[PDB]
Each structure stands twice: as structure tokens, then as C-alpha cells.
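A single chain comes next, written as C-alpha cells; it is the form deposited without the partner chain.
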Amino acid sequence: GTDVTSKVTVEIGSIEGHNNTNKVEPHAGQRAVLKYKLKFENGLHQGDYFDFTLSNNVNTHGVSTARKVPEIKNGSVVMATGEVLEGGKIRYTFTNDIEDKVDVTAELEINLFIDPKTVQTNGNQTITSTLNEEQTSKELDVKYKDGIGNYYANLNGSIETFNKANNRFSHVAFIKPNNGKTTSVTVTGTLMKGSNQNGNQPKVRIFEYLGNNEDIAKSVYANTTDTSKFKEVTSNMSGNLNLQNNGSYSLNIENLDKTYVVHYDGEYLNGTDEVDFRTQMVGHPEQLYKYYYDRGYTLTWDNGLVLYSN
């Protein structure tokens, strides 16, 4: 069928931030929300379609690999289905149920997640959706978390991708020294929820960051295929890496004197209510043990998804 974008009118359009404030915290699992009330011209047919375009600071998926959006209904009847085509382009295609309908209107609510690749820093973003030349627009202040640190090191992470069809997810962790200090460390990954005790061993890849620390994305984002920014050292570190069938890994680094990224791709147990992935770093700043012993510091950062509640 044909492009009937010019036949769709936005009657009411708005974009809102978390709880209808002007702020969004993506690392607390918050998001923006686009709401539309659309009027349609008469005489549309099945297979006819309309497109709108989102600013590339947001998308409709967050960590999900899936690319569906909500259906446009008239009560119970599916009027249109929607798909993400590309940048960042949402197309709704009309069903058979638009045929011979008159004065059709419809509401549409779509969650809009802040993209960590295009929104790398804290601060205001202007979020827009454009439908048939009508621009709907909202400024939101995006605020990210800084990980967890001490005088010696910082640990931060985020789930990168989530793939329901394969029971897989990927995760990015950044580990760095602070204050010019070098400590010897053990870094672990553990599925605190959602471990498949009898699964495959995870793929874990480690990269040396080559840039200035000031340019590390606040969003927690590593484009590890930029070879001026990242150097893969997985080979070099392979004798210090252990992988387990319950999804855990462990990694020893004798001198933490550089910023590293650890990329994890693993599976989770089918049916789990939740997936909760812990990255933990244990450091030993001193090993003289004169007058005292203790085990050093521990930094712990968890990233979790809810798959069922409840």
C-alpha cells in the first residue's frame, strides 16, 4: 500500500520525563514517554503506512534487541502495527480494520529510552518526535550514576543488550585507578539472579582504554571497535581469566594502573523473574601485614533487569 503520512494529524502531542518532571535518570531505569492523539483522513486501506521520526538521543527499545512498538488500537481492534525501520524511524502500517472507517482517531503511548551512545554526558537534551511536519518537543535533564569508588579505584557498569529470544545479555564494566595509585585486583562477574547452573561459559573480553579519563562516557558506553580508544587485551590476560558454566568469571590484574573495560556476553536461565549481574572488584593496597591483616577493599556494582512481576 502507500505512504499516507500526509493524512495523519497530531491533535495532541507531548513528551514527558520521569513522573512528569523535566528530568530523567536512565541508570535508575527511568525513561521519557511520548503521547500522541492522532486524527486520520478517511479512505485508508490495509498496508497503507505512516512514519514519524524521533531525535537520535532516544529510542524505543533501551537494552532490548527487539524492535517492536505498541499497536495502535481502536479499543480492541488493531488498526496499525509498528516497527522500527532505522534512524530513528517508526512506521505504522494499517490493518484491514481501517477499511471504510470514518473520523478515525487514536491514542499512542511510547516509552523513549535515553540512548547511551548518543547521550554520553549529563545535561539537557531536547527530545523530539516529528510526524507529518508537526514537531513535538521536550527538554529533559539527563543524569547518570558515577559508579562506586574509593581512594584507590572506581567501578561502574551497565547492561548493554538484552536478548529474550536467545536468553542472552551483554554488559559493560569500567574499572580504573584513582589518585595515581596502583593496586593489584581481582574482578568478578556473578549472576546473583538468573544463573543457569548448567549453561555455557560466558564470553568475556577486556580492553585497555587509550583516551583521557575525562572523556569516558558518563552514560557507560564503550565503542570497542574504535581502535584509537580501545585496545583489546583479552589474549594477553587469558591466563588470568577463569570462566564458569554458571555464568561467573574471575579476572586477576596485577597492576591496576590503567582504565579497563570488561565486556561480558552471557546467558541467563529461561524463566527467571529477574537477571541480576554483579561486578565486584577486590583490591589489595598493601601486603606487608605488619601489625595487622585485612582483605583490602571491595567495590560492588549490580545491574539488573525485571523480566516478570508478579
The other form holds:
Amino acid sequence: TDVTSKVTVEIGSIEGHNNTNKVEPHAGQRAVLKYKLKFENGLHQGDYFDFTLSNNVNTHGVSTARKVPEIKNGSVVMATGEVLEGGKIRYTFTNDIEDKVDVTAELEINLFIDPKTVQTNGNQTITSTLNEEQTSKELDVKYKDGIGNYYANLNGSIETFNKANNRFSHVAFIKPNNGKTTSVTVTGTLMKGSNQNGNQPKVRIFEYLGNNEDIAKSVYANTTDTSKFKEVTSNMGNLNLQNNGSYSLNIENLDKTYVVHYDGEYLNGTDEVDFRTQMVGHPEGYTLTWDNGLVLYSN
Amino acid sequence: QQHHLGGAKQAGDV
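Alternative state: the form solved in complex with the partner chain, after the form deposited without the partner chain:
Once more the chain from above appears, this time first in line as the rest of the complex follows.
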């Protein structure tokens, strides 16, 4: 049975990073949902309750696993959680709820600002709604800007991190600024995580066809949108892929913004990947170096 | 002047 109506939020709060009213997702920061819940008596194994998070956050961030912490009384698992569709979290009770009296439980869940839904700096109201009770927090969200010079800006973001299968994905934006750059070489290197005995990464190259103002400050690239991203991987003799996870790419004319999407493996036993993108450019030479790393959090 | 370096970190669970 849906027993959402049987759950009281005794205490509910959302906090920014380091109990401030701000989150800087490109500095690996997150927000936190804290619940103290009361449950009416008479619940059973398989009964469940839901709450819903605003679409500006999720519970995974760069991770591909969609998990949520168990509700426990001591070491006893009272309910297990799942991430469902549209911001919904559902907790389903175990046999240990049966015949218990005056049950309460504490839940703490890390909330990661979603770069697809929060694409620019701004104030975001984060909400968690359980049984009509809305827990709310206005947070400042601020992103980084990449690294630039007179001729170009280089930026990038880890898109996914898949621990279970030892794979990650990453996107880099290579953007011209003023003057004319030729003979650009762009490289990607695993600074931590390279598997010398592995497979070559899958590297796709895209022309960005939109305006520069509309590039998400969050760093998000919907590369399936062929109106925004024109794949030119095939046009590009100019791409060298290595079994250690590295690539090098030559762009002859940086007359527009290029996007490199990378999908590769990393070495078993590596806690976290560190990925470096470096660009060398020639005005009509300079280097831009951009590092992407990870900050991983437990519930 | 000729070489600039920066970086970022993404958050996620685990």
C-alpha cells in the first residue's frame, strides 16, 4: 500500500555547501536534504512512501548509479529506496516495520545540481515534497568559466562516471575568441586512471552550430541534438586514438566552436578519474590546459 | 602570457 499519508516530516531542511546558501558545482560541491520522519503504526513489508525532488537536483550527479541510502534503526534496515521517474524517490518497507511502535528515522541525501536543468549561474529554489509538506531552500548556483586567452577558451566537464563498469564520459568545448587560430591540436589524457592494457576510447567530434551566448555555462552538451551539434568525426585522418585512453586531434581552422565527446574505460582499482584536455593553437603558439576531476560523496 | 591552466571538479554519488 501507498502509505505516504502515514509519514510526518518532523524536521526537514535543505542546506547549501558547507552549510552556506551557495553551491559551486564545478568545484565539486553539493546540497544536502535532511529529514527526520515519523511513521504511523501498523505498516507492513512492501508498503511504500514517496517524495519528489525539484528537477534542478538529482541524487547521483556525475555517477551513473541511481541509489539512495537505506532507512535504518541502528543496524536494522527499515526500508529500501529507489529512484523513479520525474524526481520521485520511493521507499519500500521491509519485514522489520511489522508491529513496531512510534517508529522514527533520519535520512540524509546529497543533492547535486543538474547541469541539464540548471544551465547558468542563478538563484535556484530546491524543494522536496513529501505528503503535501514542502521542504524548501533558495541556493545560489555558480559555475566556472573554463580557461581562456585572446584567441580561445577551453572548457570541459565529466559527463558520466560509471563505477560498476569502469567507464566514464567527458565533453570539451573548444571556442575561438578574437583573431585567427590555425594549426590547433587538442589532446585528451587520463592523468589518473589510464589503462595501458585497455581499449581505445570512442571519440566523437562535433561542430557547434548555435550562438556562443547559448552554450550552457554549466557545460552540458546534448550531442544528440543535430541542430546544435553537427558530427564531423568522419571528416576528421586528423584523429589519433591510443589504447592508454589518450587521443590527439588536429583542427585546421578554428572558425567555430568544436566539441569533443569522449567515452572510455579507466583502470580497475582507480577511485576517481583525472582527465586533462590541452589545446595548442597558432595565431594567424599558445597552450590552454583544462583539468576535470571528481568529488564523490556518500549517503 | 603564453600558457594558461585551470580546472574543475564534478560532484556525484560514491
